[PDB]
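Coming up is one lone chain in structure tokens, specifically the form deposited without the ligand.
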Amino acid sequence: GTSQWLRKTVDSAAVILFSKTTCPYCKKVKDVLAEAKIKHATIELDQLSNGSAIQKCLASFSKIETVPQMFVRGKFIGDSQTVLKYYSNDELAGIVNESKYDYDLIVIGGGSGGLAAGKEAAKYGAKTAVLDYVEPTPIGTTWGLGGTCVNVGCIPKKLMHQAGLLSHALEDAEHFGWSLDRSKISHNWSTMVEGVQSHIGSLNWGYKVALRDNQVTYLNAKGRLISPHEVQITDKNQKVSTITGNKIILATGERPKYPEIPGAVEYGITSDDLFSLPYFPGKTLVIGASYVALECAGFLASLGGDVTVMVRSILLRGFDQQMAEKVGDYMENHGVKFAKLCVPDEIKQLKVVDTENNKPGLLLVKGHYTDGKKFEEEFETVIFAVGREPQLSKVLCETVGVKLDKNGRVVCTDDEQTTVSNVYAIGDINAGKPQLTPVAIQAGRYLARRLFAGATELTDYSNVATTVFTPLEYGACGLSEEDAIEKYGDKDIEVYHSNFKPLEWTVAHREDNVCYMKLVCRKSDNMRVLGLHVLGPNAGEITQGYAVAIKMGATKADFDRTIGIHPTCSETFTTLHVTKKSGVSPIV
């Protein structure tokens, strides 16, 4: 147990010191390494329960049982007198840089997970390279370091959402006494895009500085794993070379899918193109029904656009379907049109994009409903949001032996290890895990600590909370109502629910019973909270704190004994009492 841990730790750490907090000899070695600018991990044996047994086990490698003991890439280097000898003779720098491979770690992909992993590993002395390359979209769009969320996902999406929310704030301001007239105010798309892209630019630059300041090598090059330790890289000038690494982390993410119909690639766009588009989309069709589809349609309508969403079957497949339908109903009452049970057949071009006057083109969209009736309408912009996929055939030679599942994602054990022992995978390409930025960041950081600092903590992927940033936001943590009933049976499930009205909505004359929350609980397990759901403003701020209590096993009684904060929306969770089985109305 302890002896297997110590061997794994010694073999994979780049530079590591076994120490005690009280030892002045350990203190002296720490000071030497700090002066020499030699980064390393440290294990403090006195603060571990099995510290005495670990100290015994070290002799299997060093033949000594005292602290300090310093190791480099699996090799015992010395105790205090020996380390000082090397430093005094100007030998220590060469010893700590001796390596079989070019790098201790190569990260393929410079996004949410990969940048987090590479920075954390470098902290413990791992010589690290991060590779990032952005394949242009069909119309030619590209962007800088930081991945999907930074450039074409979470960050610009929520900033445009905030511009859309301010439309309603301008309306509400009249009722609260301000002299403006929302009727005479309009939105300038390109001014908003300039501001969003300026912030994104500062993040691109900030990641480059952070890698520079952590001594991480950044290569703006496309990588391909051609054997367990060899990565072939192609740089900006199409120069091809090979670099080697001890450990490999795959973190290459996904890109939007297109339907296989005429005109889709030529004349439509995806979210990759939307967030830097130089002109307002105009009259827009969004094809699809994921959270990406509904978030983008939502803010486009708030910013004054004529928006239609064409839905093949249901909204937000995979989420609680009562909540999904409430989300869609709010959007439809606030200016989004839906073409339900409908798919596209072809896109025909009526007008080329006008670069001269900074204006969209014009497209004819033909499709059909499930009963066979036809769909035909003109739109200035068509946005495809029909899912995302990895393309690991490009990243990864078949002969390496890394196992992929039926959707092309990497099959990993619960420590992110692939079927090849030195290769790991994190983020969206890890099969079966929630595809979210804070999941990729936690996975990458925790993995770096296990590989290079002897940590044992794994990432917990269960009950990860989400928020959908539609015009009225939807936060969730845990099971949908229908999954809970499927797993445990209707008899063992009790659901508490209520409508509510934000206080800010009263003087503004907004709707009385649209916002909604519910707790899905298991009767036979002390009324354990299985899932939490809320539709209302600031839904992500509301939901986050409860994710801790659910992780700790909160029951309905834990919610009841907690006192609310007044006046808030979130406090309504502390006093819920109407059950669905009672048939009593949830309106207030």
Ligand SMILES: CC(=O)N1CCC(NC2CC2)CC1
Second form
Protein chains: 2
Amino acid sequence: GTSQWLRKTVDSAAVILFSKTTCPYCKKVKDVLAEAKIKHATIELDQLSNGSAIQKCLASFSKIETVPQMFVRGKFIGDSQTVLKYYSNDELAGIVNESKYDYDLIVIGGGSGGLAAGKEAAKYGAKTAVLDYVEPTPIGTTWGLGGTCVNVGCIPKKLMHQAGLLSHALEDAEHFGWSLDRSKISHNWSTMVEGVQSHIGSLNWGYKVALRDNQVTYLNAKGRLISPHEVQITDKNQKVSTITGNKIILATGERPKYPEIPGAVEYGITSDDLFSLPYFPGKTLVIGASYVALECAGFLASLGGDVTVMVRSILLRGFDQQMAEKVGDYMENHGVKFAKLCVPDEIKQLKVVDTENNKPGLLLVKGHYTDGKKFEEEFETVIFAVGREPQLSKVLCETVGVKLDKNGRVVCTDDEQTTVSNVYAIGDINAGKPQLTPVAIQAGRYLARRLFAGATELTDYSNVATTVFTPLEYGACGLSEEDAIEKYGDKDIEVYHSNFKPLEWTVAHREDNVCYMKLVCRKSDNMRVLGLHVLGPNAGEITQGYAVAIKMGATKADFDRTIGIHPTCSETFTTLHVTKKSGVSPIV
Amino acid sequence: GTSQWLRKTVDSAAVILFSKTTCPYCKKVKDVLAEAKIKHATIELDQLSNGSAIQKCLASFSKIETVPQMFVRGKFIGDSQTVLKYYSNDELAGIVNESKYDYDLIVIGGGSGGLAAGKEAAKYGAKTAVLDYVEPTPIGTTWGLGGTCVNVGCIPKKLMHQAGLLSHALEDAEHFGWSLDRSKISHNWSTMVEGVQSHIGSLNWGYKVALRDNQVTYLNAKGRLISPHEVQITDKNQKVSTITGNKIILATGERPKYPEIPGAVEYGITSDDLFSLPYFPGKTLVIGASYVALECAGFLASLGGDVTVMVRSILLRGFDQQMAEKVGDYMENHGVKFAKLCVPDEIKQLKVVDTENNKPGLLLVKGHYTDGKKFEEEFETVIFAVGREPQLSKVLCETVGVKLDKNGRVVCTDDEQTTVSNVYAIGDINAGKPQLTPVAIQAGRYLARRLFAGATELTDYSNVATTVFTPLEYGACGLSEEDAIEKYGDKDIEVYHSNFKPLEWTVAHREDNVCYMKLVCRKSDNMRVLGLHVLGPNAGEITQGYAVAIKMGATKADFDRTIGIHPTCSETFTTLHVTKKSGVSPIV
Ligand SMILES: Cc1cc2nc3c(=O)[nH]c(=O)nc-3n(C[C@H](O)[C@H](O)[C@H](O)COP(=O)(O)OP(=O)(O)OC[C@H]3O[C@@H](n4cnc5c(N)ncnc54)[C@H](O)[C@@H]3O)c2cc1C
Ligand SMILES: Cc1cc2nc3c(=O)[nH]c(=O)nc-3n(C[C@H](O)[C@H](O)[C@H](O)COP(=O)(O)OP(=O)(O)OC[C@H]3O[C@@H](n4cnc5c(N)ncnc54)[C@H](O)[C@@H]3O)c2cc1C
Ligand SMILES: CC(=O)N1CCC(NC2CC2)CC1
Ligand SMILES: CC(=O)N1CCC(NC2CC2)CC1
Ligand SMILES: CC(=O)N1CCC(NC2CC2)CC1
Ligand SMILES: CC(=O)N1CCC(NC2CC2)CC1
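Now the other one: the form solved in complex with the ligand, given that the block above is the form deposited without the ligand.
Full assembly next; the chain just shown is listed first.
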């Protein structure tokens, strides 16, 4: 079945040239298309295994078997002589631009996955439009091009994390001989926000420049898919029009949820608001226990804030719960307060936010615990981090026929196709996929190569590593301990673990046995590493490289025969030997 | 095959029990040995592929074929009934202690490898002595148990590096909103030295406690091997004596070299003296260009010093030379001066060191460039970092028969055996091996297991990752680019590379295109990764995990299908695409 690959490739591509590396008649067609500023995909057949059979099947469209052969939007155009005839007759530009729709591709959503898909497709001659719009938050916050990660997620989160880490660096520097006095140093919230927002502005602008230089049309517009090939767009002044595209990629992401309780929307905020907030939050309550809740609470305390987290049930639901508890214990020991097994009932306003003097307001939070006892306390800022959800009713007409699941996410095949054959979805709205920025980028780039350059590589969504940037960071790749035990049984699981202490913490007089790591392994499969977990500084840097080994099937013997780099935190993975079944302590 | 292994295992093990997991009489013997504090190896025949063959071969030694069987130093002792008889009759202790020699093992040298070998051997019942001595430096410097890395190597070097890193952390903190003024903060050298030396002292003590708790005899003595089984030991008071051992492990390491020029030994120092120097070096000249030279020049400059490095020919000979040059370019941009193609001719004393007032002296350094021009300049401190060498003529009487190579290192088989069948060598003095602390530890532990516990695993010295802790760190694993081209030819080698900027450097306004990473791959072996190189922060944490993947045979495709962790520096390895042959720019 090489024939049905070739048919799908020729059908879907915009401009594609079948070529060979040594053929100089091919080279003359290349240099002609380059000078004409015509972009295209190229399939070198001497570099593919079965390029012989493909050459034969090209005759089914073109009635010739030689190379080069040029196609445009499913139609054969000519061999060398015919393409040069079109060029010197000035007929070539009209032929490549002839299309049944306005665009080969329309991307709805200009974030991590959408921008990456659109730029990749434009590399192969696909005429591309990228639509993006930011619906404002209840208090009116808005931002520029690039999506959740760039503006209100990974980028400003980690910069603010770094600002918190530097407070411990100032304390540490005294013990290492520097003459500063940490107790006499304080933090300016608005200076930090100005620097963070200035970096984000350079990224908004770089993405506009990127799209321009790839000949991608950027429309700042709210998109709505009304039929398989029609997208209705609405302007900043409410002007409405319609554009048409061959392929459609949905990549509109999610926004934060609010609890259905009085006062929440009126008087609370979310992470959408926190990263450009013009005043220090002050005494803050963070409601929820996701990674967003814990990351935000953690740097606020490190910047000297008075911080409480209200937890309905457990921390980091879905992550390894031994690890989650070590994360929260570290936080509790370094100034974050927890109200456990608790839930909010209402937010009362006591003092309006003072815009002129750059001051928070004042709120009264009422709630109750699972036993029945009551919660009541005042806070200057209340931040909700109780999940995120898509809003596809605003994007999709029911009549088009794109199937959603019961959470509102799009049901896709393993190549991102929806139930409507020309419509695909990527990123956080793809049901069941990990909701991470590098996943959405890989999904979008690989999809664009399949649609417009005849690629076959799929995205692999298994064993994707994560890092939670709490004050002590937590990296992971693979199964939690409890998920492995439940899948294979407790007698088939072996766990190797150890505490450790970074060398940097010795002269600084930090704790001896808080950093921690383990390997969860399958006995009956040669001690296969099923999950890796580490709590310590620089956990993202530590974890990333092991994700390649786990993808490759690493076993415990693979970790053992590798030698460590000394002195590092990471090298402790190369000499693990204490098992949980042995009952031997893991302390250093 | 099996029979030669069994003969080897029985002959050299001190106390060993042959057993099966489900064998109630074996359990009877284990309990008696545990109750009598008799340490021993154990081989569970049911856990071995060919335990059936082994069980039959045991009769060639004991004339029985059941388990348990207990041996001591090559002699069958009995089954369960016979062992209990010796126990009940108060005869067991003297049986398990009977030996032709004072010790089952004598380790000459108490550093990284030797301490690890000694402790591991004692775990299996081997009666063990560890000998350690520290020959003072020319000005009298000395230190405690633990070797080069612990006292005058990796540990104090990386602590001082960390002190240097904190100066940039103090600068960065302003930009992230903290109120300090970096320009009014200074560094106190003796305060840092006191904290470093306190940590080292806790490690000196920890090793003495560990050897005690493992029943290893520690002798603070200079050792000399005068025949295959006799070690002469000389006292702190010059008392001489002789001990005997069955097996000998040489683990005496190396010391710094001095160039043969007037004034070098009298008025200069080495790294052996630097890590406990009671005064700040002041204006300093580092002579040499190894990683020791550049790491020391590096943190001295970050701590406010006026620093010059005098380079005979190139930086970091034997490392990838493109990366070496980026390392040195970064140092030159951040204050380190270089005198290139230059060599020293003599050191003259202008001032004597002032021990009382705690101040360096003053020196005049004279030398010449390779074209004949003259070098002449004054310095307060001159550090020689021009290599290290063993001193085995002090350890190894000629008549013993242990063969050395032309550099004076010990020629060993792949199981660390020397030319004398009961004598082994590990660590820096094993010719041709990487000279690193984790390698010496792996070699010593693995060897002890083969000698006293029947193990067969050998140490793997290939593709061992390294990290150079210059102000911008350089991590690596596998071949340099020039080595790969030399070995396979330029047309079979593809290099993927990219610049990157750490997110933490954005708000701090640090350099855009200084950090750098590349993968060196072999086209004809499925784009196998031959070498990985990265220059940036936390380079050792970044690199370690990739070393497991390389050990496993990772290819470029394995790096592409792995998803990144965002935002990290390390994730840049998972999306590399610009090749050096393309000529496309690697900047961002
Ligand atoms: C606080 C926080 C921290 C995070 N930290 C990390 C982290 O450290 N690492 C990590 O890997 N991930 C992190 N994430 C997750 C990451 O941000 C997302 O997985 C990623 O942004 C998803 O990208 P996307 O392309 O699917 O959608 P998005 O990046 O959300 O972009 C979709 C865009 O489409 C727009 N849009 C919506 N509807 C329409 C419409 N009708 N018309 C036009 N445009 C529309 C949206 O306004 C938005 O601009 C974090 C998320 C949050 C909230
Ligand atoms: C400045 C510096 C920095 C380094 N940094 C790193 C780093 O970051 N990472 C890394 O992996 N490696 C590093 N190394 C290398 C590391 O220190 C060595 O590879 C390691 O210490 C060698 O271990 P060893 O057991 O072979 O010998 P050693 O650790 O040198 O121990 C040998 C011991 O035997 C003693 N001895 C000698 N002769 C006798 C005798 N006749 N009788 C009794 N005792 C004797 C010696 O005095 C010494 O105590 C560094 C080295 C230096 C010099
Ligand atoms: C609704 C509609 O007609 N559009 C909305 C997006 C706008 N983009 C401006 C031209 C750069 C204009 C087009
Ligand atoms: C609620 C609200 O103010 N918005 C809806 C209409 C939007 N028009 C998009 C920007 C082209 C602007 C945002
Ligand atoms: C006989 C000799 O010269 N030795 C010197 C070193 C001594 N150390 C142990 C604690 C006494 C051991 C004896
Ligand atoms: C065996 C031992 O501990 N010694 C102490 C110091 C050694 N060298 C100093 C320079 C004279 C000599 C012997």
